[PDB]
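Chemist: Spelled out from the first residue to the last, the chains are:
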Amino acid sequence: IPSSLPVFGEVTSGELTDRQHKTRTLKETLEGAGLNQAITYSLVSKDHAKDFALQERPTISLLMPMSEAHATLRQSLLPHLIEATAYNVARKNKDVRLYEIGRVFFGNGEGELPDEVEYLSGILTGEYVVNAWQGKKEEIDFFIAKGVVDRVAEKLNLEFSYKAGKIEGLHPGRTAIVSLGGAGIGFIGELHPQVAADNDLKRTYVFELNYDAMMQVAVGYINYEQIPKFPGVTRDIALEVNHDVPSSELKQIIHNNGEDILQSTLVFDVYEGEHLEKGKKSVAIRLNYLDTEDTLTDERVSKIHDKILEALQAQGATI
Amino acid sequence: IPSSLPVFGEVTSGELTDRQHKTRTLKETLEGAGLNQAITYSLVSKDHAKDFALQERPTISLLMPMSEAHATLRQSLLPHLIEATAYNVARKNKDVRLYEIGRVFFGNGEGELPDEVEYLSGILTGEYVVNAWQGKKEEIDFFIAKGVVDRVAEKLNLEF
Amino acid sequence: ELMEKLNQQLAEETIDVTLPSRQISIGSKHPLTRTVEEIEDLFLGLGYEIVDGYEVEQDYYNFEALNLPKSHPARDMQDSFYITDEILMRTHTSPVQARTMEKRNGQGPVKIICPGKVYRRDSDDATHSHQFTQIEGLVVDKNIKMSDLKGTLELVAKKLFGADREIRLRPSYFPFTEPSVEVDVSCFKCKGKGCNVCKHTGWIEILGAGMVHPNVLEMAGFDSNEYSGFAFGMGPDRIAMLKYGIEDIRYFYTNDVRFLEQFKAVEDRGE
Amino acid sequence: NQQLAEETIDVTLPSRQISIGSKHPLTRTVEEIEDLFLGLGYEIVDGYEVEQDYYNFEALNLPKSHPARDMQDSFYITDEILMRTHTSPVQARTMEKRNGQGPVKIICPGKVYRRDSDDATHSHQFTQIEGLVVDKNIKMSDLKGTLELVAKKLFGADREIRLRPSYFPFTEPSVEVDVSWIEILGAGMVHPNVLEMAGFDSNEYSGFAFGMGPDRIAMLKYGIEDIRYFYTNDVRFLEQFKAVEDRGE
Ligand SMILES: O=C(Nc1cccc(S(=O)(=O)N2CCN(c3ccccn3)CC2)c1)Nc1nccs1
Ligand SMILES: O=C(Nc1cccc(S(=O)(=O)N2CCN(c3ccccn3)CC2)c1)Nc1nccs1
Ligand SMILES: [Zn+2]
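Those protein sequence lines, which keep their order, are chains D, B, C and A.
Residue 683 in the entry's author numbering sits at position 203 of the first sequence; the count goes up by one each step and never skips.
Residue 546 in the entry's author numbering sits at position 66 of the second sequence; the count goes up by one each step and never skips.
Residue 201 in the entry's author numbering sits at position 121 of the third sequence; the count goes up by one each step and never skips.
Heads up: the fourth sequence is residues 87 to 266, 283 to 351, going by the entry's author numbering.
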């Protein structure tokens with residue numbers, strides 16, 4: 481048999497689909513942030529199969545497992561990523577950053593194919609940045625884990641929002657639900673202290689995201705906006721508020737009252753200590769104002785800024 | 481006119497060369513570390529054309545420049561990267577991270593085509609990491625610029 | 081005033097530039113993903129589509145549609161992970177090609193590549209994992225010949241193992257294809273006369289391939305008097321093992337960072 | 087007990103950003119076009135930015151006499167050497183090395199230079215992508231087909247385009263393509295003198311070629327108001343290009 485190549489008369493350019501291309505770019509982004517690509521077993525133990533699941537959805541078990549530890553299809557990527565972390569840490573690999581894109585499996589009742597859903601997940605523990613001789617040591621915390629989930633959203637041109645959530649197996653105090661277009665798509669959280677202790681881990685952060693939901697969003701082309709011709713105005717405010725008010729709440733009040741010129745808002749400090757009524761915190765927020773069509777008079781800014789202050793004051797937020 | 485696509489009887493896989501692939505990859509890794517890809521003008525003032533040259537070699541000047549700013553081919557990517565940085569800073573963008581891959585040009589004299597050399601360069605100032613509520617503010621210093629070069633070498637499997 | 085501070089800077093601000101740089105860490109691409117991507121790239125430049133589908137699959141697509149009637153020695157409940165009598169963890173990526181074929185309603189060309197996780201009812205050890213990766217291809221058009229298969233399998237061996245790779249085609253049998261072969265690449269280590277990689281053979285098995293069997297074409301909705309096909313499969317796990325000398329399959333699925341973080345950098349073809 | 091309550095965070099507080107650089111929008115448009123042509127079997131070829139007038143002009147069917155070779159419009163360095171005015175010389179040089187044997191199917195991106203004052207629509211250094219197909223029975227319909235793919239890749243598939251007869255020295259017949283109307287691609291069947299000069303037999307081989315300008319494509323696609331923004335490198339410009347794109351909704 482001589483050697484030849486097939487010549488295709490329907491001519492078509494071979495290209496990644498859009499989803500395929502986005503997935504490669506996303507994996508470049510995760511990797512570029514220090515996360516190693518994991519690949520885990522789909523099959524877990526039957527009592528692990530529902531860990532970190534969102535819905536009660538039925539699980540899929542094999543008829544004849546080769547092995548109790550690989551008996552049911554996972555409804556979450558995290559159990560085996562946590563195991564891989566425990567494994568690494570017991571080998572004295574203290575700095576573990578892993579991500580996975582992989583499928584999870586929810587049962588469609590009996591004799592139907594399950595719902596296979598693609599997830600992006602990852603797990604993080606140890607130092608994010610080290611240079612000992614310069615005193616640099618940045619421990620991975622919730623907010624760096626958040627920073628990874630945000631770098632995802634940023635790269636895909638999405639916006640996520642975050643609201644405290646209770647997920648079994650995560651730290652009740654350090655778990656957020658991640659939402660896209662007002663729908664829950666996942667979560668980010670420190671592991672429960674008890675789960676971490678079981679696995680002999682330190683502070684460890686996981687995130688899991690419905691990547692199918694993410695990929696359904698049509699983002700189009702990038703929206704280019706010319707650089708503003710005129711300078712904006714920044715005002716800072718320090719808002720005393722009950723300790724449990726999320727900063728999102730105050731930011732929303734500000735946007736709600738910011739009319740045409742309020743561009744963005746940034747918390748730059750939170751203070752809880754003795755210099756302040758117990759059960760209060762002081763949250764400092766930088767308000768940025770901007771008109772693309774005109775220069776800002778102190779007085780136009782003050783007018784709205786005063787409206788914003790009042791709305792805040794009336795919702796229990798003392799200056 | 482009918483619309484058709486040509487069918488090549490001689491069949492080949494269209495693929496990036498090795499070098500083309502390293503380049504796309506290296507660019508992602510740069511972008512991944514927070515550097516924006518710059519593209520600058522090849523032509524500088526005759527006065528800047530020899531800046532940072534390694535390299536004592538003849539420059540290549542245009543017969544008929546349109547601008548004194550654009551009269552001679554650069555032997556370094558930095559003059560115009562520094563220029564872009566200054567620009568940004570004057571416009572109050574205090575944090576500028578730029579890399580460029582592009583050519584510089586060395587005279588072979590005497591109506592010969594110059595040596596065009598592909599360079600990788602970049603320029604870095606301001607903060608690398610911030611999160612103010614947490615008090616994180618990590619200024620770009622020489623050892624972050626070093627980390628960027630080491631990430632380049634790391635990625636390309638080079639030993640610098 | 082200014083020259084005086086400039087000079088004090090100059091005098092004061094010398095650093096040992098050999099000191100550790102502030103590292104900006106790169107994570108790795110999994111070695112199995114790397115091999116899968118280079119094969120996709122190769123096929124993209126040839127006009128193919130990369131296609132994904134279900135990992136839990138129906139007997140019909142996993143087996144029947146692929147010319148394993150309810151009879152057969154591979155349908156075997158002991159060799160495959162069933163969930164019901166009808167539904168199993170797919171044993172190869174063929175069912176995805178079979179389904180895509182079917183939706184083409186007897187119209188070509190088909191030219192697809194299907195990478196993904198596959199499953200065997202097997203105890204694990206240095207050389208067996210119950211969940212592994214496969215890349216299949218399927219090309220179906222009008223005058224497809226086995227020489228066209230050969231030429232394509234050759235680009236595959238070059239892509240994976242170097243421009244100087246030859247292939248070797250050995251008679252074999254699979255139920256979905258006919259003629260069928262197993263395919264060796266010449267050894268990329270030893271140039272001829274043998275080493276431990278090719279087991280002093282010169283030839284390393286890496287692929288199976290064959291001309292698609294009429295029954296498979298006809299079941300998909302294609303006319304096998306007008307259409308012919310070829311298909312092939314390979315194992316990224318085995319390939320990466322051979323390529324890198326990785327000695328235990330399970331290293332791929334443990335995600336030791338001291339294994340993973342080995343695979344950060346670009347590659348080329350040396351000389 | 088109190089442990090969990092004392093370690094409560096505000097999960098809505100700013101995350102620790104791990105910043106992403108951007109790919110230049112000119113580079114984005116380039117890559118996209120490369121990826122299109124890769125999947126059809128083309129090679130991306132890269133060549134000299136400073137060229138001989140033979141390759142930049144002569145080999146392109148612009149004899150000594152031509153208005154195109156005017157020293158006022160191009161950036162010469164000697165009477166024989168100049169900043170190339172297009173990436174055609176790389177395509178002409180690639181052809182000659184093929185030695186009368188096709189197929190050629192190449193795409194040639196890169197910086198090109200024009201002796202002109204810069205303003206909002208003109209930069210003395212800009213980018214170009216050229217392509218060349220040479221093979222035995224290349225016909226203009228084959229050109230048309232490829233051009234529609236290019237347009238489809240750049241501006242999506244429903245975007246309306248317009249083909250207009252026109253004229254360039256190095257091709258005949260020739261074409262311009264507008265997108266809904284704005285001109286973006288120039289192209290033609292390669293002129294036989296051009297095949298004949300780089301050593302193909304124009305009785306056996308025909309060709310088609312095209313050029314487009316990513317600076318212009320990008321300005322049009324995004325409504326970038328001044329081409330010089332591409333070469334100024336204000337970060338407030340570049341950072342608008344971090345994210346992926348899809349076709350859309
Ligand atoms: O035909 C194929 N694939 C194919 C062809 C030949 C060899 C191989 S292979 O090496 O990967 N194989 C995998 C499966 N193995 C099996 C599977 C079942 C029975 C016997 N042995 C043998 C090795 C794959 N796919 C198609 N999809 C649609 C129509 S045809
Ligand atoms: O033939 C081409 N390309 C080509 C074909 C038509 C139009 C254009 S274009 O729109 O980019 N162009 C650029 C040049 N312009 C010129 C230049 C000189 C004279 C007239 N007009 C017109 C617009 C490019 N190049 C070849 N290289 C090797 C062999 S053939
Ligand atoms: Zn050998």
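Because the hints were derived from the structure by calculation, they are not lab data.
C-beta: ideal position from N, C-alpha, C; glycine also.
Mixed in with the good hints, there may be bad ones.
Claimed, not checked - Here are some, though not all, of the chain A residues that point toward chain D, as calculated from beta-carbon distances under 7 Å: (1) 94; (2) 97; (3) 103; (4) 104; (5) 341; (6) 342; (7) 345; (8) 350.
Unchecked claim - Listing some non-contacts, in silico: residues in chain A with all C-beta distances to chain B over 12 Å: (9) 102; (10) 123; (11) 137; (12) 147; (13) 154; (14) 207; (15) 234; (16) 266; (17) 324.
Chemist: All hints, please: hold or fail.
Modeler: Structure-based check of each hint:
{"no.": "1", "hint": "94", "result": "4 Å, holds"}
{"no.": "2", "hint": "97", "result": "4 Å, holds"}
{"no.": "3", "hint": "103", "result": "5 Å, holds"}
{"no.": "4", "hint": "104", "result": "5 Å, holds"}
{"no.": "5", "hint": "341", "result": "10 Å, violated"}
{"no.": "6", "hint": "342", "result": "5 Å, holds"}
{"no.": "7", "hint": "345", "result": "3 Å, holds"}
{"no.": "8", "hint": "350", "result": "4 Å, holds"}
{"no.": "9", "hint": "102", "result": "5 Å, violated"}
{"no.": "10", "hint": "123", "result": "6 Å, violated"}
{"no.": "11", "hint": "137", "result": "8 Å, violated"}
{"no.": "12", "hint": "147", "result": "22 Å, holds"}
{"no.": "13", "hint": "154", "result": "16 Å, holds"}
{"no.": "14", "hint": "207", "result": "16 Å, holds"}
{"no.": "15", "hint": "234", "result": "6 Å, violated"}
{"no.": "16", "hint": "266", "result": "18 Å, holds"}
{"no.": "17", "hint": "324", "result": "16 Å, holds"}
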